[PDB]
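Okay, structure first, notes after.
Here the complex is missing a single protein chain, while all its other protein chains stay put.
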């Protein structure tokens, strides 16, 4: 048969690194 | 034939950008 539907999106990424001084 | 099952979940998103100065 035909392929199933696409899976769900992943979760959100982690916070970025601290900013420069 | 019947369509297949849903796909695997997406991967986690990328890390965020650097914070402000």
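Going by the order they are written in, the chains are A and B; count residues from 1 in each one.
As a convention for this text, a residue touches a chain if its C-beta (ideal position, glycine included) is under 8 Å from a C-beta of that chain, and two chains touch if they have at least 3 such contacts.
Interface residues of chain B facing the missing partner chain: 1-21. On the side of chain A, touch with the chain left out of the figure occurs at residues 1-21.
Assume only the chains that are shown with their structure count from here on.
One simple way to say how far apart two chains are is to compare their mean CA positions; for chain A and chain B this gives 3 Å.
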